[PDB]
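Consider the single chain below, provided in structure tokens and representing the form deposited without this ligand.
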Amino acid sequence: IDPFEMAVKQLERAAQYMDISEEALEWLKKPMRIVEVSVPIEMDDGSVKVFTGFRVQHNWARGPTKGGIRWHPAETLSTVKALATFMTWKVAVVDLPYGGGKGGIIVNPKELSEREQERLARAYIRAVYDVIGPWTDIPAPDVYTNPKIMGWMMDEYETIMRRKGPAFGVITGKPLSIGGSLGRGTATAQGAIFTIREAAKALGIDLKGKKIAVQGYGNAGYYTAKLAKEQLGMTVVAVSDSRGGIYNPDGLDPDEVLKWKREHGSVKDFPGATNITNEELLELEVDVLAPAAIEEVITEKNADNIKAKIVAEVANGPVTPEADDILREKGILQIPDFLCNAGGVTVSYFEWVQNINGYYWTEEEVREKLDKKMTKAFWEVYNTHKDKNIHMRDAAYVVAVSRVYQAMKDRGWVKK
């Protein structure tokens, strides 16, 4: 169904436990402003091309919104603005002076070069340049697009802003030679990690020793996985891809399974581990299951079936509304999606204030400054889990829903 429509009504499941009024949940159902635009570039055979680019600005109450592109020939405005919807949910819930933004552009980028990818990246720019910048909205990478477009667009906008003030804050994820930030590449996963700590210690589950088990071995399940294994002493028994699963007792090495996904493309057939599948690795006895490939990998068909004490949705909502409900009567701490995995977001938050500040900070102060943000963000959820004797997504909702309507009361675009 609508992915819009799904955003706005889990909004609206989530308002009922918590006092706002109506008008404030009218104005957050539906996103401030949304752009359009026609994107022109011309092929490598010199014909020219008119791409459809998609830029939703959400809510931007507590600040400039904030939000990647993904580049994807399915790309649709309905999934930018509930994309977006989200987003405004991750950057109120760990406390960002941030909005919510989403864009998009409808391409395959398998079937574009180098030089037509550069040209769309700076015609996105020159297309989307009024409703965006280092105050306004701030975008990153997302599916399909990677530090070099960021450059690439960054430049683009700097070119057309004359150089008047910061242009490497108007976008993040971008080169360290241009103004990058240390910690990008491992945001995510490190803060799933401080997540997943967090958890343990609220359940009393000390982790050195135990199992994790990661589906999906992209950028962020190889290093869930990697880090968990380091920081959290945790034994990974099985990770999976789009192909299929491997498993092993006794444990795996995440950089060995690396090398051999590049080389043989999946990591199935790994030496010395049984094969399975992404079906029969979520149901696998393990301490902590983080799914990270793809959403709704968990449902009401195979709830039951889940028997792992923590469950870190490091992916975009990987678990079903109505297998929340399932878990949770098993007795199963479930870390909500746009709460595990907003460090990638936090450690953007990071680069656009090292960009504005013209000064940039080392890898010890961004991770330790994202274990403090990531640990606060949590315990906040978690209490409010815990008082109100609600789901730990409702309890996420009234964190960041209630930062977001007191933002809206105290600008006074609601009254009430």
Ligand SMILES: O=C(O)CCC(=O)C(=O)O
Second form
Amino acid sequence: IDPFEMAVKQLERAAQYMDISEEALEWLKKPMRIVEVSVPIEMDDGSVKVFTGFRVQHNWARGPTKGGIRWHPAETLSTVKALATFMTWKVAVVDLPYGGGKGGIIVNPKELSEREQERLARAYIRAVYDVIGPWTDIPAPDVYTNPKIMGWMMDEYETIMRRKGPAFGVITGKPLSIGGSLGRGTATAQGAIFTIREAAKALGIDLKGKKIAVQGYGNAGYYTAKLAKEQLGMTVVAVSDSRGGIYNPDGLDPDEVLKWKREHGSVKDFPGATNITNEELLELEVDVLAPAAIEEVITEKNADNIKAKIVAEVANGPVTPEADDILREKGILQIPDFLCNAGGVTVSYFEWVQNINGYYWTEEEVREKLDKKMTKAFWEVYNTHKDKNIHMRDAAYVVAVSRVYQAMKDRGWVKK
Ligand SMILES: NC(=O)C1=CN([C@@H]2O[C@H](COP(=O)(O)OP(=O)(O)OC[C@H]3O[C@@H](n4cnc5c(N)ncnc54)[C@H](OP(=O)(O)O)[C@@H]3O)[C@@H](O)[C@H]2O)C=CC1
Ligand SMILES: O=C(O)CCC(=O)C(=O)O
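Please supply the corresponding structure for the form solved in complex with this ligand (the preceding block corresponds to the form deposited without this ligand).
And the full complex, kicking off with our chain again.
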């Protein structure tokens, strides 16, 4: 249907478990500032093409808005608004002095050359300059965007700003050569691993020697499996991608699987393991399920088939609202998406702090700070879900919306 309407409905459903005034809820149901701009670039053939750009600042009560820029051909203002709304709750649930933001360009970057991509990034910066800044709106990498594009955008912003303030802090997820931070590459997977370890501690389950299945095998999924094996001592019994999946009960080494996928396009037909389809992976008998591929993979039609005791929602919205009740009834502990994959935005916040302070941290300090942040956030959410006897997603919503509501009331934006 409409992604923004779905996000608003999910917030409205969560609002019944907390004391929030009608005026504040109506304020939260609509983004505070939406910017639509034309993004013109000169193509290689000499012609000029105009693209549609988006930048949505949902709420900046707790601080400057934070959110990545997507470059998908199916990008829609509704999707950007929904993702900015989710970004607000994400930054609020880990206690960040941030707001919720999101940006996007309706473009197919596959048919764009490197020069054209750089021109697109620079033109997007030249178009959205007046509503962004290190203390206003901090973008980041997202779908079909990378640190290279981030560096181009940072350079354009610095050129326009005339180096008056810290231009490194305008955008996060850039290369280490220019204001980048360590631990950014594995940030999401590291945060997910921290939350999984905390969930296992909460359920009284030892993670050593337990099977894990990961759906999707890219920046999130591959690193999630690798860190689960290396840090949590888990056995990786199955991975998957867009093509198919592979299942080996005795375990799989993530590095070999990644090399095979890079050399053959997909993890399919990996030797020593059986080829299985994506839907069969979610129904395995594993200790932890990590669907880090796409949204809405666990529906009402397959929720009863899940046998994992922990479902780590590394991807954005992998479980539908209907499947949430079925999963909870079976007694499965669910880690909500904007809490499970908050490590990426937490490390982006660390990068922004380093940029604005002009002082950069080591990998160990970043890892320890992220560990503490994710542990505190997860324990807050779990304690809220146990105290009020509500769903984990509902508890995360209560925790985030309470913070945003308190910020709004302290700013005097709402009275009630
Ligand atoms: N920094 C991050 O990585 C962040 C991660 N997330 C969430 O993590 C998810 C993935 O992020 P990232 O790893 O960067 O993305 P990538 O696109 O780099 O990797 C996603 C993986 O999912 C696979 N995949 C694609 N379509 C399907 C499908 N229909 N069914 C099963 N698997 C599929 C892809 O296979 P193939 O490569 O063959 O296409 C790929 O291996 C997203 O949903 C995102 O919202 C959240 C916040 C930020
Ligand atoms: O780092 C950020 O600001 C956002 C990362 C991201 O893409 C997400 O959390 O969805």
